[PDB]
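Shown below, as structure tokens, is a lone chain in the form solved without nicotinamide-adenine-dinucleotide; questions about how it binds or moves come after it.
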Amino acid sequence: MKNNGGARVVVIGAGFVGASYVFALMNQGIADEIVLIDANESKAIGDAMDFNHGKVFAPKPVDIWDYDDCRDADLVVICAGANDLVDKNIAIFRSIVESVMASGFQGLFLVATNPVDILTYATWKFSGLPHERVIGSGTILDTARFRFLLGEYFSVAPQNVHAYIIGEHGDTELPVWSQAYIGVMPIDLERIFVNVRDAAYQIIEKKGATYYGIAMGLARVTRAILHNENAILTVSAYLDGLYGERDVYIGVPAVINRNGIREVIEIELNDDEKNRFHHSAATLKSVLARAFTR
């Protein structure tokens, strides 16, 4: 035919997260075509060159530096945005989505930009799409941070720790202590969790910003989608009347696979319920009413 595609990823925002995300995919031999769009086109051109010159060296993808690219674009990762956030960001977002949609996109959205559970809801409101097709970065890196520290405590391998962080990607997130195992053996640790939650601030203070952490987390959900994993990942899924909530996007165990979210799991919560999670859901449910507008 012409020269095909099949698994294309369009990253809106070639900046630290965008860039480190691409480099992840690239070095992981995850996508076929990888298109980069930034409103500072000189920067996307520049990274696209940089990616292409050592490509020879990895295991094979094609890279390219508008939105007429979100054609048969499988997945769109939206890493753009400001740094009064919420309604600046919803404003920026109001344009990114309107335009990917214009080329009649069929795909999936993966939103990495803080305040994410909020921008993830907005992405859904602005595109049309069933809410199983609009995913949010969520507490994915939070539960990675978590699983790394506990993994270090027991000196086992983080991939044998099974412990979640759910709620809002931020201050209100709570850990799910009652169903945290190491292998199949249930379990200071309240300290560990305080280091999991002030972790951003902590890395930001000594190097100005976070970006490898997440990209890696952004590279896994991509894995789950592009490969139909049916992975249980803790993302920013839309609540259904599942933890008790009816119209919010929050961080929760969801099953991932090629066609977006399959199903949100309800882990059974302590009385760490309509308390930490309700509290959390509530904090957000209201930024959505307080926020929006322009």
Second form
Protein chains: 4
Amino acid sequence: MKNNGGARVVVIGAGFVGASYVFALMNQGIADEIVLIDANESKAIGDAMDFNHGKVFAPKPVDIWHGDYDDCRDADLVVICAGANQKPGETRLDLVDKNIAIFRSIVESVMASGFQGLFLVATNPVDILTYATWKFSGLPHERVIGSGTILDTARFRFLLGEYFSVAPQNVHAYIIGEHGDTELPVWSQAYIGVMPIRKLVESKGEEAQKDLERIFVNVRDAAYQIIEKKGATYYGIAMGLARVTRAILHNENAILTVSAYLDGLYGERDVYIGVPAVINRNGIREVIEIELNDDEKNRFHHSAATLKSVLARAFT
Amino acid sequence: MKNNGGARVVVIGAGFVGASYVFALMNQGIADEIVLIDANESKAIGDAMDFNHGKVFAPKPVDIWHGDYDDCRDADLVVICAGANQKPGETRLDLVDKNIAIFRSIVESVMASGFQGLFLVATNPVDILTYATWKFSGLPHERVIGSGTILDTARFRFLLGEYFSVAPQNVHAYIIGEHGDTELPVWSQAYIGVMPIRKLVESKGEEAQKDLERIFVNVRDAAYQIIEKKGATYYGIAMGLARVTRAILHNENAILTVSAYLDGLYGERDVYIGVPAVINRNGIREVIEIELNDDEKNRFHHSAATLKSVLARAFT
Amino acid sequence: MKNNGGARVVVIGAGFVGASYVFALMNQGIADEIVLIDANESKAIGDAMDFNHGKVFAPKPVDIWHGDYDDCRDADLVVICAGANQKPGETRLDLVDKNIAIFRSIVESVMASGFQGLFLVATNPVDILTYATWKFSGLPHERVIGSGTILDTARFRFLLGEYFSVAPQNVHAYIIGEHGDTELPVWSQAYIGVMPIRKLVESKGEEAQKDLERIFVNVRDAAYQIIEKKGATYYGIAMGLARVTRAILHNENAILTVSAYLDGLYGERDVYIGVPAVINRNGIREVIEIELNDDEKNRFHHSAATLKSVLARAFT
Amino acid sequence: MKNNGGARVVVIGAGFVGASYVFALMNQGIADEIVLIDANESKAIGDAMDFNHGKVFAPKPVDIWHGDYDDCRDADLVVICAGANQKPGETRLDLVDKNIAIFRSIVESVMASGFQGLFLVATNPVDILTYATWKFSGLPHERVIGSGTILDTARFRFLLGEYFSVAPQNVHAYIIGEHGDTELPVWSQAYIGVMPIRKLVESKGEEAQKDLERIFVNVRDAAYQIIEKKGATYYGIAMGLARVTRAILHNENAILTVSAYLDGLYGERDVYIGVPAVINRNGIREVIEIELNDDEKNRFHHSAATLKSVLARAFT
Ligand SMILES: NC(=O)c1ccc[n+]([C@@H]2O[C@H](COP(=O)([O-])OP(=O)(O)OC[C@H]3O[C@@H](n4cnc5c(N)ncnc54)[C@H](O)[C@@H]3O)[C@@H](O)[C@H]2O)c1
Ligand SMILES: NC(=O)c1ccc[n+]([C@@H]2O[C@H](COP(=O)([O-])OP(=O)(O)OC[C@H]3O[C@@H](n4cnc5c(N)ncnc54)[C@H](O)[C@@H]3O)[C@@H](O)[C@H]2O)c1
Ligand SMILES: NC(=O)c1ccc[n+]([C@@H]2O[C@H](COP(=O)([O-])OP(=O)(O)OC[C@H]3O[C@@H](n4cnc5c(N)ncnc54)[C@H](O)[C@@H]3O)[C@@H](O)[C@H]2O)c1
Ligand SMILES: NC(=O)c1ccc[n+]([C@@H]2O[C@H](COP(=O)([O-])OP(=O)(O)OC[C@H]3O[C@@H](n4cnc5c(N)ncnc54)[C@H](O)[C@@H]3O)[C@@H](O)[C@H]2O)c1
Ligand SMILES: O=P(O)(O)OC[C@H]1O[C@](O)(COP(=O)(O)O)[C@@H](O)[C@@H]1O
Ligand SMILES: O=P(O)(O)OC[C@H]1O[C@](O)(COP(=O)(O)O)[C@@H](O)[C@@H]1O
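Please supply the corresponding structure for the form solved in complex with nicotinamide-adenine-dinucleotide (the preceding block corresponds to the form solved without nicotinamide-adenine-dinucleotide).
Expanding to the full complex; the earlier chain stays at the top.
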């Protein structure tokens, strides 16, 4: 129901990421009901109108309306996009003090609501803030999901889809670790088809080679390059979130590189970090523990350590 | 062709209306090729990147990129969403001399591209600018479509879908004439299902009555209300642009309330104005001359009386 | 859930009508789980299989299987496309005896399954069996829905769209009453947009009149010409089915002309017949009482009369 | 254009597969114009109307009709589905002389249209009949595509997707060689994510081992479990055909395992067979030569060895 008995998705923090997220769902026709909750009520309000006015044309009927935390109680997924945005220069981590703060309230209000579905966090630092969402709430880590490396993984696929002129969609590779600076390309297990990548290049020596490194860097700095170009990013994320949201509402068991919490799986513990996980109706079915090279073993590990410390000194 | 062979939609003015628009094409999966052209290349470039990052998740494989007017030589439709934005407070039509000027260039360049597809105009005041576009392009008018009243109707429908509690989609009423303050709601020909509106409300005077004029006023007011709440309308128009587009791209013979040129049809000539028209792969097949009551017969000629002014005066 | 948590549709009779309707849900990505119960094992098996091998190409993850009646406890929809079909020569009603027999067990076998969702019937004669299905089910009549004249209406707009060269989707006309030879065209409430049909032809020559008239005959007789060419009809109906399926599963508030039960609504009572009705997540919200003309009230009434007699003469 | 201006696909042989295909495309929203040509018009006249009756509820406007060869002159794509179906006990190869004979005409007749698009061959033996169309068409072999191992592959991924409990859309494996008995699963290069199959099963040796070979057999034999349960297969092959069709029509640069010409690539020349290949607006871009263990190579050669004997004797 669009009228309380359907797929109700609640968006907390309706700015660029937020609202784009909503426009993608509407266009895509993914949820039944969509609630917008934002501090800037007005924003929540015009936006809502704005969506409803174009609805005569969406592919599927959906119920959009501006709400409150009580709308939570009944929603299936609480997607969080409120908070501070990295300005030019700043990293992801320069926000932790800022956001964790906001999360204490947000998360408290939705729990108080009587809520009980899953949580989809998108705010940066996505690995820091999903752990906190997991904490501040007390639900199983299995129902607190962060975008993680879904935006980064898709950029990879895009760039490599372009290098070899094949559908991104037929490009098989991941970026894991912190959705940020310590992220890493899992070259060791990257494929174009079923044909490994680090083997179609072995024929074009120290070109393929430099070329490949080049992509990764573009990958890794995407945000900064786009932040610099138009101030904030959000279409890349909107699609990423819209994609995760259907694995769930459609109980898909789609492998997705998202922010999963580990406790020994990658030889790391008590950290939320981007890793392959099977997503379904009930949140994370399980984290996939892919075979890494010593090289990867090492930077993944370097990344896990990085987050680790932030958490260390960053709780509440 | 994703590579110089299919539906090439070229967007000029990658600001809000523009990009939101491109966003919809992308999720609905409507064009094969999408090119962006904005005076502000930076903008246009972080948008093309931001777009592309999400497409491994897009419904349909699309080709988005930042181009230039030569990318027009090959396009089926060029949508204009560039130009100056009416600001808060109260200013629509005050965007004329302003916009006329900008049109003067864009057209030239595009026409210079060696373009021969359709123009889709969205800048304000949409009707004025449609004329200009047509004038400056010198393509037959049946190939210069304006968005005119396509948003104002989505809204009547939505508002009445709601009063009446039916899919907006089952609400059949129109808004024509100026896409601005002289617009009029065609009550004489407004249905719910196949049942006259003023007959459904028949039974409940100066109640349902007053509720009918209250809906319409919020129709007319819509932009000024959103603009004050979130500063600029853009999701509703994008869903709007998106619709027409499929009319064209799919040889649909859809009936939309667009900006069409008159030559005697509503007792008016030399005026691009909002009026139901059969759209299809070759532009407007014809203007549909509904019948109006004396009253609506009056507002219409009135609205038209108004636009003709502006043109009389801000052409030359 | 493809996994016991989604929208589940049980299909009883995987014949032409049955299986084609399943093929629709799947290419449209409409339900999460699709159960097929056919009195013919192999077949039901043959198809679940054949369905399955293609879904990798399906637009939406969908779980399809060959089930049984326990399957019905958790389904949201039970669609019945089982039993005997008219032969060249036969009419809808010659099937009554043959088929009421089959709904007793089926209707029983599901009610005992612990079933508590909505029924959508399509076996012919579609209005006798919608009545039989509500009775034998002892559910509120608003939860037992028959396809009725959805297909009839569909061929009208198709045809009317073609004559006037407008999108099927732009012709607004109904085919009410019986889903057989007594059905009638509400020519009094038909529009091409907001333009009364009998007023576009009001201008014409070589009987737009005659032509209009000829359409309906074509509508009326369509099964018969189609049966005579390819042996049975199933694609039209597969599309009406999936349409309703949508109104329901999406809590849509869609006005459809389905086989609904009247309790004094068209001056008729205790009968299942084609009439416009708002459809949503809880069965039928209400029957719409369009205003008929004297000729139409007349044929409506004679249609209802033909039905009651069979109800009256062939109850189980 | 729904009106001589878009992507026109022609279906020669509106049988089970021919017709299902059209059902796949219409629901999915892929062509603009679909022409049906059958030895037996009636069949064709029957489907056409059946189809048209339901189009008011198709997602996108499409135009169906029963035409003829001239409708091929303007055709983007000519999909051949006409000819004799393998009977139970009968092999793919007992059909050859039957089906060659028919292709000489059909082929010759479309050419003569002034046909100049691409050919997608479905009729069995697919590798043999695709070669035949190329032979008979005199067009460059990049324009004569057979469906070869696309279903065989739709099948392997669905079965493993189940064995492992991941979305089939997430199993990366192929079936190559003759669409028939000599086909082979490319085990040496199959993943479930980014992780090697014979690595996941590594841990439960000779259980995972046996499981995996059953699957394979189920795949190999699937044609016949179905021929025997329900008499003809047509739902998988139709989703498979729909998929190619979009690869082309969207100039997607997709990698599918199709029947393609070998001119050295797997150390085989002058044979048409199931091999991965990039597909776009111009048909086949290239054959993809993946890496094979000795075993795969051997069978693959062996398979080739077989097509090659049939052809030697099969010319017309
Ligand atoms: N993880 C990803 O891949 C990713 C990608 C892009 C952007 N982002 C994240 O998105 C976040 C902000 O995104 P943005 O650019 O859309 O910013 P934005 O300003 O557009 O949106 C933030 C919104 O949150 C609302 N908000 C603030 N405090 C609130 C509170 N206490 N309760 C409810 N709502 C509140 C504000 O009203 C504002 O509208 C950043 O943290 C950024 O890191 C994440
Ligand atoms: N037609 C409708 O119903 C409707 C609805 C809403 C808004 N609008 C109209 O949309 C128009 C623009 O919309 P917006 O709010 O997104 O404004 P915006 O400022 O955000 O975007 C307009 C863009 O045009 C660009 N531009 C200006 N001159 C250009 C040129 N010569 N070449 C290329 N790019 C150029 C600017 O850089 C800017 O990016 C306004 O004129 C507004 O009135 C129309
Ligand atoms: N309502 C409409 O517009 C409409 C349109 C077209 C056709 N039809 C109706 O659909 C009905 C059948 O259509 P069809 O062409 O698919 O017939 P069909 O023979 O091809 O299919 C009927 C199926 O029912 C199965 N069946 C028989 N007894 C059963 C039982 N007890 N439980 C489960 N399955 C059982 C058969 O084995 C077969 O699979 C006919 O009444 C026909 O009049 C209705
Ligand atoms: N490649 C695949 O994976 C695949 C899968 C399944 C079935 N099939 C192939 O499909 C073929 C037939 O399929 P079906 O089950 O739908 O058969 P069918 O008998 O239902 O359809 C075949 C059609 O061919 C028509 N036809 C015959 N000669 C013709 C001619 N000269 N010109 C035009 N039309 C002509 C017939 O009248 C009939 O309409 C078989 O040969 C089989 O090998 C292929
Ligand atoms: O590359 P293949 O094996 O042909 O498979 C393509 C399928 O894989 C996907 O790209 C998913 O890939 P990932 O496993 O990398 O998530 C789908 O989008 C697509 O349908
Ligand atoms: O003629 P209009 O007002 O543009 O109406 C089109 C709308 O009507 C519909 O065709 C439904 O029509 P009905 O009201 O006749 O059921 C929708 O599918 C479509 O969005």
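Numbering follows the first chain given and starts at 1. Throughout, rigid core stands for the largest set of C-alpha atoms superposing within 1.5 Å between the two forms.
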{"item": "Rigid core superposed: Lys55 CA moves 2 Å or more between the two forms", "value": "no"}
